[PDB]
Amino acid sequence: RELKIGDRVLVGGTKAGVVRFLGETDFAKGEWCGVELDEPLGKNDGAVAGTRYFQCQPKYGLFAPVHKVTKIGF
Amino acid sequence: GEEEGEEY
Numbered sequence: 210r211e212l213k214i215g216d217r218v219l220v221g222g223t224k225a226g227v228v229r230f231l232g233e234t235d236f237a238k239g240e241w242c243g244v245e246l247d248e249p250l251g252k253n254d255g256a257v258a259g260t261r262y263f264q265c266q267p268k269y270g271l272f273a274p275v276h277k278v279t280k281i282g283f
Numbered sequence: 444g445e446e447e448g449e450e451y
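If you read the protein sequences in the order shown, they are chains A and B.
Per the authors' numbering, residue 210 is the first one in the first sequence, and the count goes up by one each step.
Per the authors' numbering, residue 444 is the first one in the second sequence, and the count goes up by one each step.
Since the hints were derived computationally from the structure, they do not count as laboratory data.
Keep in mind that the hints are not guaranteed to be accurate.
As the list claims (entries may be wrong) - Examples of chain A residues toward chain B, derived with CB under 10 Å:
hint, residue
1, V220
2, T223
3, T234
4, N253
5, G259
6, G270
7, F272
8, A273
9, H276
What the hints assert, rightly or not - The calculated label-pair distances, taken between Cβ atoms and stated as ranges, are:
hint, chain 1, residue 1, chain 2, residue 2, range
10, B, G444, A, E240, 19 to 25 Å
11, A, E248, B, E446, 18 to 24 Å
12, A, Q264, B, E446, 25 to 31 Å
13, B, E445, A, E211, 15 to 21 Å
14, A, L250, B, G444, 15 to 21 Å
15, A, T260, B, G444, 28 to 34 Å
16, A, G259, B, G444, 29 to 35 Å
17, B, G444, A, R261, 28 to 34 Å
18, B, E447, A, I281, 15 to 21 Å
19, B, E447, A, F236, 14 to 20 Å
Ideal Cβ positions, reconstructed from N, Cα and C, are used throughout, including at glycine.
Next comes chain B alone, as it looks inside the complex:
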């Protein structure tokens, strides 16, 4: 994965 949870 390309990392997630870095957006709001």
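Next comes chain A alone, as it looks inside the complex:
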């Protein structure tokens, strides 16, 4: 039961958002995921190292692994 774009989840377990993109990063090794935070609790605006993986509001883009992310819709 992996994650799908447009699904509600938690980035890092403490942050909440919606999955936008899933894949590796140009600055981090391994598999990563993109989640749009519900509030300004992120680090990027949907880009990393000059690479935009998805579109999201300012300080709403958070990049965290797929295992670190979980669906909030219990």
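Chain B: place on chain A using the hints.
Frame of chain A, contents of chain B only:
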């Protein structure tokens, strides 16, 4: 804890 610092 469930590990932290794995997000950007």
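So, going through the hints one by one against the coordinates:
This hint holds: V220/A has a C-beta 6 Å from the nearest C-beta of chain B, less than the 10 Å allowed. Given hint, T223/A at the interface with chain B, holds; its Cβ is 8 Å from that chain's nearest Cβ, closer than 10 Å. This hint holds: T234/A has a C-beta 8 Å from the nearest C-beta of chain B, less than the 10 Å allowed. Residue-level restraint check for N253/A holds (minimum Cβ-Cβ distance to chain B is 7 Å; threshold 10 Å).
Checking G259/A against chain B: minimum C-beta separation of about 14 Å lies over 10 Å; hint violated. A distance limit of 10 Å between C-beta atoms decides the matter here; for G270/A the minimum to chain B is near 9 Å, and the interface restraint holds. Interface hint status for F272/A: upheld, as the beta-carbon distance to the closest one in chain B is roughly 5 Å, under 10 Å. Hint on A273/A holds. Least Cβ distance to chain B is approximately 4 Å, under the 10 Å limit.
A least Cβ separation of about 9 Å between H276/A and chain B falls short of the 10 Å threshold, and the interface hint therefore holds. In this structure the hint that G444/B and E240/A lie 19 to 25 Å apart at CB holds, the actual value being about 22 Å. Restraint check, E248/A to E446/B: a C-beta distance of roughly 23 Å satisfies the suggested window 18 to 24 Å. For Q264/A and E446/B, the hinted distance range of 25 to 31 Å is satisfied, since their beta carbons lie about 28 Å from each other.
As the Cβ distance of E445/B to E211/A is approximately 19 Å, the hint placing it in 15 to 21 Å holds. In this structure, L250/A and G444/B meet the distance hint of 15 to 21 Å, their C-beta atoms being roughly 18 Å apart. A C-beta distance of roughly 30 Å is found between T260/A and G444/B, which places it inside the suggested range of 28 to 34 Å. The beta-carbon spacing between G259/A and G444/B, approximately 32 Å, falls within the hinted interval of 29 to 35 Å.
Checking the proposed 28 to 34 Å range against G444/B and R261/A shows it holds: the Cβ atoms sit about 31 Å from each other. Evaluation of the 15 to 21 Å hint for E447/B and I281/A yields a pass: the beta carbon distance comes to about 18 Å. Our hint of 14 to 20 Å for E447/B and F236/A holds, since their Cβ atoms are close to 18 Å apart.
Figure legend: structure checked against the earlier numbered hints; the only hint not met is number 5.
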